[PDB]
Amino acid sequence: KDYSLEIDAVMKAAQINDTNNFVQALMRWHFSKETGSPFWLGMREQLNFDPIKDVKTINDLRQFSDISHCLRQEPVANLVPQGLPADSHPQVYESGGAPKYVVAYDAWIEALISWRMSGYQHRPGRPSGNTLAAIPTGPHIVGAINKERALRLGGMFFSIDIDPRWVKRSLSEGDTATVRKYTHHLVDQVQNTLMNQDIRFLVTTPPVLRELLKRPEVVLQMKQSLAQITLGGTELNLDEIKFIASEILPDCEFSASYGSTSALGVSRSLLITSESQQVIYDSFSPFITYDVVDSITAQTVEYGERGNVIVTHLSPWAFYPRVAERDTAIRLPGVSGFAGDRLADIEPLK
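Structure of the chain above on its own, please, the form deposited without phenazine-1,6-dicarboxylic acid.
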């Protein structure tokens, strides 16, 4: 059976901002016997409400509980909605790892990157070239997302070896000496590719950039080559980035990327300039939506306040409601007329 039309109808509602009809169509999608995943079909009777009857809007998803705990041992094939084309091809990705297993699909990553890059498509005399993504691949969805982006930027995708779990383990054991040497190891790989191939775009993190900038010869190269630097993670220093953007690489654009593997995605910051007072992120609403909640009371904070980040993914490919992330952010109003909060100045839970 072909549900191509049904999927298309869903993606159309999202594009139009018909967010209420989007949600209702995907409740039907996820909980009907023909099109849903074994996982959500099996979960239905244990919910304390009827997802088809009682969920009409994005706000109504607050009735769901975070089911992240199920994701260590739930067989990954149970995550696959029956409604998806035989051609889909699920790919397995992981977070927490320890660890949670999720499935993602090319059509989803393609849709997400078309949203993410939608502005690059309009901005004047867009740069093109190779991307060096100094980011995890293996079980990490960020790798797959960055590979799709590099495709749109009209060059090839260059990668490095980087084990983020090893870095984490070392830090947690307070082995500062290992973390230190590992960082220099990462820097050396990034240096090699930048010095030996023509790289137009770089995706990295502040500690690796910091070290790269200490070397005049790499600086000279980046100055000539790099159109864009994307910085990822939750340990971004705005004043320092603003310093690099004006004093060191004034011809390079700087942006931040905030990854939510639980929501199968990434959120895109506004460009960081001398005018920037916060780093401000938008999500791919209505597919990925955020709520920002008080650390003590679990109620949505006032705009401008910091609270805990709660992310929800809903799409033809997956459904992960109300996931408590271990990050905090300033809550800001969505622009665009779309549901979901905008986030600023992400930090780790302290």
Given for the second form:
There are 2 protein chains.
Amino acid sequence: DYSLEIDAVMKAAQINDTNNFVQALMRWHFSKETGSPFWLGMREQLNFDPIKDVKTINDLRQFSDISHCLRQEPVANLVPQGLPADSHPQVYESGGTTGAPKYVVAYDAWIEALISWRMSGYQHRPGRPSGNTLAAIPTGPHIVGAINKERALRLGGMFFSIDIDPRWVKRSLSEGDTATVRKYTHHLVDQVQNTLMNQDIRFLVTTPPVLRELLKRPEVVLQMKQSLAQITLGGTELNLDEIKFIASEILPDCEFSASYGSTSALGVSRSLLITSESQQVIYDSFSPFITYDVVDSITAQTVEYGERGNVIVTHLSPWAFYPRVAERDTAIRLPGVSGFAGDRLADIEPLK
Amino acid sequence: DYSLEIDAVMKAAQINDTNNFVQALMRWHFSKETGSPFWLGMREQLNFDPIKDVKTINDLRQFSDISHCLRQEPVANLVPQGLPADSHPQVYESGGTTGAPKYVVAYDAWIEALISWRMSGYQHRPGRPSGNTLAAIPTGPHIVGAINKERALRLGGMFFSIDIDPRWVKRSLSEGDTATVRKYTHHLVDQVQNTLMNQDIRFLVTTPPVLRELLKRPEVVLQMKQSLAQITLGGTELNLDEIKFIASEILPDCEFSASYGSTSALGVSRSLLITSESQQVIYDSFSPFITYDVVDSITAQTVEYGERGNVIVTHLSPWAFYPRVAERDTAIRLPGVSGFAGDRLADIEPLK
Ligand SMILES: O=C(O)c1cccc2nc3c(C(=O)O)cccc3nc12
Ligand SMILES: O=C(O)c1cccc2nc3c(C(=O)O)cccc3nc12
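So that was the form deposited without phenazine-1,6-dicarboxylic acid. Now I'd like the form solved in complex with phenazine-1,6-dicarboxylic acid, please.
Entire complex below, previous chain first.
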């Protein structure tokens, strides 16, 4: 048993101090008894002592991104030896859309915690809406699946999804294939159309192209006017005006937000409500578990508030440690309202 | 709370008192405080009284298939109120066949009972192999996914899958889009490869066409001789010598079995291990919960043992009640293990 060690971390985690939390988990991960086999096996390859010289969140700047590894590393070793017997491990992959695919492990406690964080703020808000959720997103080996199912149960209906293979979509628009992308996009909208038109759907998770498509279908729009309380847009292909126009002129009773995948850190980040009065899309991460740095593409250097840079993300929780993953997007750096740790993002945009 | 009603139904199953079990569930499903809104309402369209006029399994012949009907029915109404608060309804579909589809509801406790029935005989027996599962099958809204996930957690390793979008294969297939069925399969095969190579998996779930393009790869085949222990093949494209050959010749000691989805009975029947003895693939179902009848296409009369007929599957449990689904496959009918209600099936093929 180590569950009272573990509480201490989750405790430190919100009495807002980076510091103590970082050290506590640096200990969790590298100390002999409790650590991952993987990190324990990695300690001797580091040129610094993860205990002695490593105090601030920022102080993790000294690990490099170990994703190369996770393609080969047999998943059983990723699992912190000090988690309970019934922790309930699970493998998720990170888009083997070419350069193919990186293995990771997550846990129910973890996803539960992610979600309570996303949803605080409206979980308990009087007259908050209720109903099923249609999530038009990957499930299968993709950890968004499992994160979305979890939200859907807390909103009082059932979680519904579609058949979607993002890996073929990709390997085909990259592969240059025009007709396919249209035909498969079709088949996606058709699936979403059916469920919206045959079960009462209160909550839709989808993406601008797909929404954009549904809005072009007279019967569906009408139906959306009747039943959607809130839509989440995922991707980075987001045009703020378009959304303002939808929100005010078409689905005026439906709120909007955006979601940002950071598969690398075993989670997703959430936007504020995007309204007509909104002037950028703004994101927060589940800090300190997940934290963003935003850095210059030339000099690896955290850039100033207000400027564009490259998203660097870091997961540090009792379940998993992933320092300092370069994500493949740029964002405006903004002071992160609480702590105490990690940055806000605004207006995420793709790379080169 | 109704733990004692469920207990009785379970216990009448576990000692095969088929009439008790059926009579109990008619009460359970048809009565104002325990049953699903759907059945309660559906009663006013029947012309017999489930509670009084139904005494044995055959007696359900009085019911008609109520499937084409679960496209628009509200999912929440499928849920028997007699189930507990905590029972975790989750929503699954089938019949993305042409474009439909039919929503149903499943529960952890059912999924669990099912798997337990699938897995006795081996679960415990000495020396039973054990490790990771790779399941080349759909997740998303396909109960099949959920099913295997369960199984994999009981074989001491984790659950790997792949993106795979069976409606696409299907539509394409029956478009004549012959071009990209073959492209797509390559994609599935590739994704399988990867995991086969990068994580050691003990058990694979797939299908004859894919395993076919798969054994065209010499180094996957070496990995396979090395790591696989058990292979479950589903779909109904089962070619028998083709397997017996594969198992005898190509990879000579992985064991091989078949699996058959009756998705609108919320479950999968299992075959007897295909030995090199095997003269027909034979499936057991999870009786009395799931029971099969095999019926002549003109008279709906139950065929003699050994004639091939059109298959009818029925699901009756404390979780759901789907009487008499016209599935879309023929089989040779066999005696089921006497004591148990329902036929054994052999050498299933599809319709025309
Ligand atoms: O999911 C998000 O990223 C998200 C972001 C911002 C506000 C949100 N408000 C929600 C409400 C509500 O405000 O009643 C109900 C259900 C889901 C909601 N999701 C929200
Ligand atoms: O999965 C199936 O459909 C199946 C059917 C028949 C025999 C099976 N035997 C298995 C064994 C074993 O016999 O040791 C181990 C792991 C999985 C097994 N799966 C089997």
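Numbering follows the first chain given and starts at 1. For clarity, a rigid core is taken as the largest C-alpha set superposing within 1.5 Å between two forms. Shifts are known only where both forms have a C-alpha.
The two forms, fitted on the rigid core, differ between these two forms by 2 Å or more at the CA of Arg123.
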